[PDB]
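Shown below, as structure tokens, is a lone chain in the form solved without the ligand; questions about how it binds or moves come after it.
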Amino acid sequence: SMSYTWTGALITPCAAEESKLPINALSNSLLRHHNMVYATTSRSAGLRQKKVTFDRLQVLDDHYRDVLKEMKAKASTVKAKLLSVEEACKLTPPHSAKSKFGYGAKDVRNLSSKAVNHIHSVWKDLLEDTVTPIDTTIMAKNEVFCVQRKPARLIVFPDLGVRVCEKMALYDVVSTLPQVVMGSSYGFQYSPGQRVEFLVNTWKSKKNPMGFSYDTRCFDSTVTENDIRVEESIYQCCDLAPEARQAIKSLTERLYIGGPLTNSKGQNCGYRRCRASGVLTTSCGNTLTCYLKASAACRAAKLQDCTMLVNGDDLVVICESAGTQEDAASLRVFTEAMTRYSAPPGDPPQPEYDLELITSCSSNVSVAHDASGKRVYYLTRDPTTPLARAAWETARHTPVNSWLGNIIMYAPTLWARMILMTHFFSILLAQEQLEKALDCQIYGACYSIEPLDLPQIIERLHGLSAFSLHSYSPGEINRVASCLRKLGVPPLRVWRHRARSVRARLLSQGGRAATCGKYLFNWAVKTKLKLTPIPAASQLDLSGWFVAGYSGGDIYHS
């Protein structure tokens, strides 16, 4: 079974595409080596098509079935509700792709009769037809990176009407089931601090810890019909209304298992027989399937007390070491088993004995010290991509503000604090847009956030320690300094000066702005302040922020 089959029609763009970093009067203050940054375009779609097109083979043994039976037993305890049309509509992002049937995200969010009527019609069709493949659009994603160039990734999604129907039938399922089936192993239930806490405690739970990350080669393409039907059988274990059962069966047969691909010009590009990257179940399905295969593989490889952390296709395993030589052999067997389950590795997995050396979800655990000198572990990552994207956002407004999402997720880091916060608050101040809400993404879901609320948000997600970390590790320091040299990003003395300036402007503004100045830039002054809990913090409603992953799920909140 080929992951895809093609007709020859090109994967066309839906709008003008820029590959080179746009430059304005602000660019240089952040990055000088402009030619290092680029954005992927449909022009490289061909290359990607060749990488994601291959045959899949699967040999399922008793370990696989034993793990599956256990997962289904847990899924049976779940009771999920069918969402109402209005509820599903409110979860639609304001700028989500418009329907091909005469209405857009705006009409959906406002519950217009035209949109609500078509949605209802699509729903009825799902109930009465469980065989006809549903159309999907295939587009080349425009993503920014630093060279040393990768081809654009591909996104496959059904019409807006179908997406609302997916929410109605499955939102409650994909939001509640993974945590029940996988418990503490389900990664999306954790905020960055909780993820670090889980990784550290798990590591400490082993007499002689050993860990490794497992990178599957183009995971979506390795997902087979069997995998997708297996996922449906797990969903069906839930206590569901009969109408929901029918809808899930229908969406599985007509959309999740596969279907035709249509480019932006309306031409048939081919056919998909693997995971669709732009459906509501993409994250939950990848997570369940990755966890199923990995769990079974741990048994085949005989790993001791293998604890796992799964986020979609991202997998991290921490177990009890049985000796260096043996761990290496076990990992080999693990990879062989994963391969038999149609989850071949991209990069061969290697055993690590230093927690901080394991990268998962493009991040790693590191350590610093708080105002009290106490050791504190936090999540960080290589800042190259975040900075390249920040450069792009410096001269171009985008649907998703990566800089804001990165400040929220990596607030305790040296780079997010010194550069991202300083640079963007400087711009927000000059343009008087501090109070303007911006969209960013957390675990795949889109959120509208006011920059002025960052202090509270950071306090709630990372704790006051995020505003006073210091004495970072040499490893982290060198990686940050190397990245800055590579990109041609100005040094500390420059950022410290800009930070003091920004901090002074914010303080004068008063209100929330002053709070931003005091907490976000305390590191920039020589005579540090108090920094005590923020009252308004408790006000913020962060429920649903770290519950589940919705990558490509077309999900919006507030």
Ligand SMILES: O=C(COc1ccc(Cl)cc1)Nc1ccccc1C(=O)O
The other form holds:
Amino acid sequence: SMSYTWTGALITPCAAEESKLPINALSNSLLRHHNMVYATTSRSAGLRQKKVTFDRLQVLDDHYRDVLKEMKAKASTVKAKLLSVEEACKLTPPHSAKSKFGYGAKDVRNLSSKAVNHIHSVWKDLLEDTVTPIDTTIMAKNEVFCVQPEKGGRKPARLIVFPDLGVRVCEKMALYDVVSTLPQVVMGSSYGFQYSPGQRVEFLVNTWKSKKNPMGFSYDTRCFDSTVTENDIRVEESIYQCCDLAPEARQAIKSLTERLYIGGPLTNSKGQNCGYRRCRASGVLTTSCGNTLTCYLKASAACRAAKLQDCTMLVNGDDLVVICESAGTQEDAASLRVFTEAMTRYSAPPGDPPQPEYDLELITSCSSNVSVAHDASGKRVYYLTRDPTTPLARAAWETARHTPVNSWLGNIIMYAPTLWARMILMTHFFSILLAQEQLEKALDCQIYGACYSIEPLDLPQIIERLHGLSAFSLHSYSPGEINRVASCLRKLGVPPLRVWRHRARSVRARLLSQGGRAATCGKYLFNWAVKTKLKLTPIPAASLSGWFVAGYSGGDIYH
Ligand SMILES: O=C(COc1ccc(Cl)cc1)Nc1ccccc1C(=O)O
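Would you mind generating the form deposited with the ligand bound now that we have the form solved without the ligand?
Let's see the whole complex now, leading with the same chain.
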């Protein structure tokens, strides 16, 4: 069936949209070519709708069914519990979209009389009605990027599709536990969200060394969400049902599936009807989990339809990477062809055709790759890096304009070992926070879809905990990585690494002169900037688990 049926009504903004870098005094200190940093808006939604709309075809295999059965067998190992309205209410982000029925996220968090009651009726309703499609709103996301390599190329807005607040709270009550528990049990170590960046690099590096003759590849499917068939959503519903669940939970989950997850009517911000969705919704609590289970089911099947080798996959929603035993150059290449044919047959066709790689550092999944550096003791150390462009792009925007979720902080957390995060992002923002006396101010950032409130002065403890003390000592970065950064610094008009050294010696000096927590930030985060480096002892006050358990992208999770 068609992933989308449109009425011709337009996907419309709810708030004025800014599309250009709101240039600043401070902003210009970070980036110069402010005319290569845009933000997506409603304007380009028509384009997105065209790319994301298409007919789907699926042809299941015995390979597919065998894997489904194993998954199910494994799923029937889990016992999930239903959340109390209190529990589900607390997990709601403070800024969450207000309900069309009078109350808001603030009321939900306070357990307001009217809030809980609407929630209680949406629940009762779900239990009584298992057929009326539930209404959802469709919006065009406002994310910023840097202009496509070639001067021109812009990204057309991504589309978010979500139900009413009251429903969202109901999703938490019935599936939150399933969604942060079942995925790992079913896919074991293949479940990507159970790892912190360091753990991911360790799993990829060892899996690569474990192979006698290693081959690896990342698979990029086109509009995964659109490729998700109604049947895919029901199959995934059956996997949740394999858990030991409460009678009401099975009922709430069965209904959410038939009324919301399988598909439903789309409504723009002006209450106008936009069309109908017969695929995954980017804005529900199961988007991430559904996508990971489904992507994993197809990829695994697709592996059997090829490899006579020892596959190890890492799956993060629609992101996939497999490392197996090479069977030779021309033979491996054949295998990926079959793999792609298999995946396409399951309604998961490729954007770019997958390419056999024989160098782990050349593989990129989750827009990241493994790279090598050295720690204080000279030892070789692997860490996860990224192409700094979007992070730098979004840092500039976040300097010039006030954002609800700020990526610079999350990038620092996810990429504390990189030379760009360490030298530019850290140096830039601690400088700003210093100037404006905002060091104690908790800020909101996101990890694996979930929103968190982090105090920038904890970065040290946080980083040692996730990356280890060595995140403060890496120094012999790859000629490759170094060029990548410098080259991007060129393109964006970001001052050279050499300037960041000086700036950071300054920032490190200010932090120190305030002792306590800022000095700790100065002592550990900028030890790289000083000439005569001083040794760093395991941070005492640094001894987070709920941080890398599961994925909640599009979900409505707060912590
Ligand atoms: O750029 C990426 C690409 O995604 C990953 C990076 C590292 C790991 Cl271990 C997994 C996904 N991630 C982020 C960057 C800043 C903040 C949050 C995130 C996130 O994935 O939650």
